Amino acid sequence: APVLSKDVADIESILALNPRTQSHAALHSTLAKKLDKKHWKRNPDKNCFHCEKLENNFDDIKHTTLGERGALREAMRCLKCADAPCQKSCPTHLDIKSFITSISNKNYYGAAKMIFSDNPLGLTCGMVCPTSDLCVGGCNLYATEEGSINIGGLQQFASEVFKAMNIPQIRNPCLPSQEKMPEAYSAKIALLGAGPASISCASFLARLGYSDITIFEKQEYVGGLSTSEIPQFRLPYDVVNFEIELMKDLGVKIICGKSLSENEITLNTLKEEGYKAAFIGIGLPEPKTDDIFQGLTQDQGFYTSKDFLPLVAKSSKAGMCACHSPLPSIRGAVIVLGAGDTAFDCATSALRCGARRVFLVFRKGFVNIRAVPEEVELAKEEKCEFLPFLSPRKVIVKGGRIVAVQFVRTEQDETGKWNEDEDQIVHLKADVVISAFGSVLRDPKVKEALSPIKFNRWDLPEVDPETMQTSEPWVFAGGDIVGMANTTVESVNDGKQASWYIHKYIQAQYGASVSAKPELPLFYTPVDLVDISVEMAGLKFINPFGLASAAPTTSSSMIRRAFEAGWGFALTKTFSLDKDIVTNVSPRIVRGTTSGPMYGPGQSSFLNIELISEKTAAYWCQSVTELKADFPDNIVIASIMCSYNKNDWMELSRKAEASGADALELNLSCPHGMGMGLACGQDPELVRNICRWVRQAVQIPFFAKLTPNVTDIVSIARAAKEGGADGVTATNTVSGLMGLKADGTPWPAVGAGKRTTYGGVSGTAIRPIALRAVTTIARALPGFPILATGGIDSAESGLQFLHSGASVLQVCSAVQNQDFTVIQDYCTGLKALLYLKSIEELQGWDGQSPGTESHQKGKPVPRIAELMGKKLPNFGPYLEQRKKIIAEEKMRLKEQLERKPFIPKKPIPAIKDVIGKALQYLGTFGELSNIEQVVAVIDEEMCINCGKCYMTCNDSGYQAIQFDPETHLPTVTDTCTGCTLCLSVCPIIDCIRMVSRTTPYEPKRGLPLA
Amino acid sequence: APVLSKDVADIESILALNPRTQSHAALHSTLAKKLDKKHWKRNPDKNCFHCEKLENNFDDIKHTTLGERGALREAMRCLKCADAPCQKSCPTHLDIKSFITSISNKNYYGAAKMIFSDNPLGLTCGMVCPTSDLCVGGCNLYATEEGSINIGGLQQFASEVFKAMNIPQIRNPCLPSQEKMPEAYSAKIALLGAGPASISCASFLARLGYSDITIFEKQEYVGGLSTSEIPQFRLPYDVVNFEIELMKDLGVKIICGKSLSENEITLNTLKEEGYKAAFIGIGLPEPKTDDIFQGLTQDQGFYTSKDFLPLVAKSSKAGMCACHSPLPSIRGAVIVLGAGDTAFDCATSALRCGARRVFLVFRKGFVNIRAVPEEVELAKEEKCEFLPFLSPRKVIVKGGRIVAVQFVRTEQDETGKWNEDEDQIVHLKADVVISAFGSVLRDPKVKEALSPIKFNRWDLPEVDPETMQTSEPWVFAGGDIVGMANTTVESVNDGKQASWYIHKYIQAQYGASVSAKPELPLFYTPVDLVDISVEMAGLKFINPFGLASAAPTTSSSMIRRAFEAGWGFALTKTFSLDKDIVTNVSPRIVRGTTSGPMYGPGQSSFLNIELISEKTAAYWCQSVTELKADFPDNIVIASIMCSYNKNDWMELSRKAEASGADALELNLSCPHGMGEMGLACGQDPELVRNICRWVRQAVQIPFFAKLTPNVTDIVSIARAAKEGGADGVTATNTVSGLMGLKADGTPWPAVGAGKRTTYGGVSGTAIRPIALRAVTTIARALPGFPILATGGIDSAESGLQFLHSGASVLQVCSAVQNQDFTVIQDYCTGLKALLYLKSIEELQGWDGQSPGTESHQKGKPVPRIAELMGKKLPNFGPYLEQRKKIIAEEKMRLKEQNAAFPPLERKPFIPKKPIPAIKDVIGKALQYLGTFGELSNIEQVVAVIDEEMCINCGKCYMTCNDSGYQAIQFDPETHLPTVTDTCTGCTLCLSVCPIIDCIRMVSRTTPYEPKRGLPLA
Ligand SMILES: O=C(O)Cc1cc(=O)[nH]c(=O)[nH]1
Ligand code: SF4
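Here the protein sequences come in this chain order: B and A.
According to the entry's author numbering, the stretch in the first sequence is residues 2 to 676, 680 to 900, 907 to 1020, in order.
According to the entry's author numbering, the stretch in the second sequence is residues 2 to 677, 680 to 1020, in order.
Honestly, the hints are just simulated from the structure, not real lab data.
Check before you lean on any hint, since a few could be wrong.
Claimed, not checked - With the C-beta cut set under 8 Å, the calculated list includes, among others, these residues of chain A facing chain B:
1) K42
2) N878
3) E893
What the hints assert, rightly or not - Straight-line Cα separation of at most 27 Å, DSS-like style, residue types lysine-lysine; simulated pairs:
4) B:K289 with A:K47
5) A:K455 with A:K395
6) A:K219 with A:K272
7) B:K922 with A:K430
Positions of the beta carbon are idealized from the N, C-alpha and C atoms, including for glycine.
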């Protein structure tokens, strides 16, 4: 008999890289280290003077782009601040707190909805907004070592998920039907330029109800700058189209080929044609030119941002123009004049055109570059060179082409003025020159078409900063054309700003007034129509979510706000008869240590030694009458508690019913009085009796709130059904101790004696318990009403309890970790969930989570043949090979889809249709098939080489994984048993997956059987 | 009767900023936004062209510095990878995975120990290592949106906490007593230069046992470059002293004032004096000079890094020079020639001296700057200007002061060669010039003192890259002097590398040989002597940690490795008689959703539908015999399980004892198929008592009953087992629960195409609150009755919590499923530290290994400036502007004082009481537990916020608003909270505050009066 407790040679070999603590310090010469360091390099080599080749490489280079996995973490990291500063720093006032809350809750739709409600170009802004100088600039978390929240990427993600769902926009469902709309709304509205400004504007105008909105775009393409100049590698043209279509869904009309200039469209022709109001949003169409570049042409090698960028655009953006154009042939040293943010897109774009080298030359110093840092960094990392303090003077042309640019040094004196020493000339070689000095409105033909609107000193139309109204009442402008906005988000806000007032004006013209306070509509989709109401025990809940008798319902005042927020129902904190008045101690509510030293938002649990309500039954019953008086459709349930005494239970239960309570909830946490547990809720007999007393006392339905601290909850659940209860609430907090300091003292620690008692654990940490409890009671007493409580904190989790047999969902800890508004997330979230169950083309998704696609850092993994199954991890020499292979592919491709909405191909389920549907899958252990075994399969393309799966299987598994010592890539061997631990600890979602075993399974007995 | 369910005017006002969802889109003009944006600005203004004044401001500017709260997050974020690449990228091979794991477990000492075991200059390296180019460069987490782990900061922190503990170093406790050490070790060893290289080297040499080690430092100060040049705002001099002292604890001797020169100290004088071996670590003492700077002097405004930096050092580093040193007066435009990393310390430092403007001028392009990025950004952000493609040619002087520097343009031709166009001259104004072209060894007096060692073509001593041995067998070199190392960490490693071989050589000279495989000692402290053994039920545990009957013990082969790792004891996966052989399904083990969508390390729980062992009792029993045969001191406990049948329980239980098992554990998870206390045996006291009786009469070795938590009263089953004869109980097993469903309603784990499942067991940290109660409750009911705790143990500290609650030994599982067997090292060194600190009087304000939290921001202490406290200036917008002004004013004030700052008094903390032993702490926490009635409701408290620590999120505000008593005011301009007198001390806010110890509960000074809503009759 070999030595059973010793690894065989084969296995000892497989464990070669498994962690083992050393007994001595390691010896490795500095030289050996140097040589070896290059193998694992993951980031840029500061000693590398080049970088891969980027010719015709328009892959997304944004550092902010996030994948689901990563979106969820950051979303969870967000503090979700009150009166958040990031929103104050956002041009369109996006409720960041809210949409980010929705994301951490996996309610992407809700998040997407919140973003587009205030920003029609949500997806685009999330990709281009210079967040560092806007929202992220005020991020509270900037005051932590970890830093500010990547608001931008988070917005990008939620919007992207939403776009993928293929849901159309729809007018507010509350608006009167088309025909019933006042005359005023049919006025002909016109917008010039299909840019952010105009797209934003027309959208809001359409939301308000206006039926005749037309946008006149000069070019053949829409989207303005977002299409004509911003790089494909920063903002995909596909995104623009997405947002444009969303607009069209509301009827907005776009007509390309029409321009605003004398002989074409003019304020007069429009007035003459019957247009009641017009929004000018053509931006700054022409490049800022300079003398020294006169006569120069593209053939020679001269461009202006306005010339260059649009060419690369049209070339790299499939769908922009019908004509597939070439990618400008830029070879040799390129010189971009200027340090504006545009200058940098030119620089980086130039490299995609084949530029050998690119120099950014500005007339000031480095510290004077006012382009957003994030933008500069891209250039700098793609190895663009910088040359400061140089002002252009001459473009030396020899042989019909440019060969050099002549500069002159600049310098800043005491007073802080800039001088140019005309003595110190400078010759810089150059094969191409691109000037990024800016854009303006010069064309007198256009300037005229705007007569007689008054122009300011900047030679731009003048508008009231608040109304966006020009000198002519029916004419408003906004965006770049006005000169205030320096961003997409700001121009979008301009269109938006203007929309309201254009509305105010048009209405006035029809002798109609508008509210005093601005009421621009929110964003709406068919999802918002889904019905999430439910009936339980004869009670009609407008929506399944409610506040559970706890902290969130300490005062009736709170419940009121709760209802105002939109909560389906609520429980009054548990109250009792005067003789049982209680008095709380302090501290009494503490955070959970169930998830480690993680402080802030999203605590995995709480523990509390708080007693019932300290407020009198008088207070509560009055409060109940009040509440039900002002909120007749919100269900109010009174939570009452009495000792084991029939008269008491009947007295109190009648009093509550008398106040108007829709129903009652019996708090069975009181002591029996003799030494099953100490509490009433633990003894079936007692439970049954208390339930009888109340049954005979009142007529309104009442439910028993069961405790989970019992050997069999189904028995007390049954005893209450036998006692007359109309349903059970499952479950109350799990008893436990939340911890001790190193000194042995507890927490909470009451009084100077630092004492405490067993408290109740609430939160996500007890969901597994409440869930079992609900699913067990649901199979034992089918149909019997269950109000679930315990770890519900999102629409998805709440759906889980519905699927487990619950009809309504109680919440507490989730609101202690946040606030009443989460209700908005819950409803919009549950709606989305049910709505998606009707979309056939989206069955590969898990709720609102699309199917995970092989990606690295959130961005997809290139499907190049020369890369697949080559075992090239993303580090060291392997990464070098990857980049080459990828560049080779781009060059090969250089040598080388209608957006329709998804229609529900089935009726949208209703709460009742989903309650308990998950029960079918539950069974005993014997009903689980042990012939249908599985094994783990790793996707090397998604793996981050941590080796976690390796270690789990090594010290908690079957040593069935090989971990290459050079590529740090894992490979599950066929000794795998499919326990599923690895998958469980993989830090990359869906990198590891369980698949059906193809070979015969044979248990490991160690020693054969007799 | 006012309207009770309506907020009164005052409260509606207090809720003004409370969140409420909007009904319509927001209307805010683009202009209004612009004006408002500057009020919340937190980060730099891309439009502002000037960084606050930094004159005489040597505060820490490192972006990596971490505080405990922050260190704990990052530590937890670390994947703690296998064969970690970051370690491979570390020149000292620091077991990063391990020390970061210890940090995440609050075991700072263990962390600190690990780091110093491989890097005697741990604290320094953690602050200066150019991680981007080293360890961090290969961090797997770089492949995530969040990015690579701040290894440097993590090391800094652990080191910093350790330094605070004031614990001395001691020689390997397993080395023979001083007098019993061979002659060889008394050899006179000498090292030149008290720099990182030498400091590391001597240290290791001293660790090996050598008793005569002396370092000859030229200057009057120690620490080398780390003292003379690296900025105080990057590396505080008192860190250097800390590490030097740690060395001295090992006997190493340092003598300043002695130099290695042809006049005084030389290889020959040393040999003649009797020194058996010498290590050269003098670095590159001289600055690289250029002709164009001939004749220029400091008075004119010229310096070389070697001239300038040491001046600012001596002036800004209290404790370096005893003498009072003037802070160089640098006014006007400064020009730093070079783009080396030193060039940048010069730029930043220059600002501290009062420079009005600083220009970094290099002869190549921006892409050609070879300084690590983190270092470059420092300058860039303090607004230093850059001027590329310029080579110096002449320095102009007028009045005897510099006033300009003449340059010539440079450029690259298509062949990649750099040319300097002598025609294009450049006049650049300048009041001061500092050349940072590098350092070298030229002084022929020194080069001579090294005769006859052979020099290579770089004009530096030549040494075997592996042995660090020069042409002369008794002489080794390392660090900068050799020319390979570019970092502190690398020079440390050189000293280290050289140490071993110096060892090998010295031994040989005494006719002794050394192991084939290098055995450099680890780092040791008195804490490592702490005794963490414990006796329970007659069994002697070498340490209380052990593997609980589960996955980590699926095969005896694993238990073996576990013992090899050092685990005190282990449980065999539960096994039964042949007739009860089981077969598992799959999937069967899944991650917990108890902590949200957090994937990777540190799972809050696991749920599993795994049955007992699939391996035969034959296998186990032989395995037990083999295990106990090889590991006599490691307790092996067999976990057995049989139906409710006396013969079986007695058969199996005897077979187990027969194999040699130290004790047995009864798995009472088999059903008792008898009608209607649930279905399992462990849920019925009668059945538990009986099974315990059967086993009591069958065997003699102690056995325990592993109680299940899924019972209405666990104490009853615990008593029933004590009555049945058991020698103790294990508490508790997994909690029954369902881990969740997908959107489609199907569960997970989902077995078969039918996607079915059953109620599984929840394990991990998510059930610790249950297991702890279970333990503390059985501990008070049956005092003295042995309890083997199990349920959420994942660190020394948590383990100590179960000892404090009455458990004597701690079982582990989920924690190893989340990691691996080596966690044991963390646990032991952790528990050690804990008990050890309990005897230190001066560290009572701490909570275990956590120092008392100090008012901070982003991990840095808050300046206690009189004109800054209670002024309500939050760290954002114009308030931040005022703060910075007030702080610069304070620095200028401090300069006008020129007060010399008293030297360093680093004295070790001595245990002023015997170090407790496990027995001395078991159950000590039980005294505080009581009923609710024993809780005083007259000793009420309220929350009090530290505005200096607050990050203005407003979470406390929202908790108290929708889950509290609307007791907090949240200013609309400073976003600073203020708890009012309406507070009841519920403590929810403190619970949700994201900043540790920002909110604290204090004794209520105003009388407490419960809110009844409506008065009583
Ligand atoms: O146990 C807890 O944590 C909270 C609680 C207190 C109480 O009196 N009743 C109840 O149902 N729950
Ligand atoms: S000692 Fe330096 S090179 Fe090594 S793990 Fe630490 S910070 Fe990285």
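Checked hints:
| no. | hint | result |
| --- | --- | --- |
| 1 | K42 | 6 Å, holds |
| 2 | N878 | 6 Å, holds |
| 3 | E893 | 21 Å, violated |
| 4 | B:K289 with A:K47 | 23 Å, holds |
| 5 | A:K455 with A:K395 | 37 Å, violated |
| 6 | A:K219 with A:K272 | 19 Å, holds |
| 7 | B:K922 with A:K430 | 81 Å, violated |
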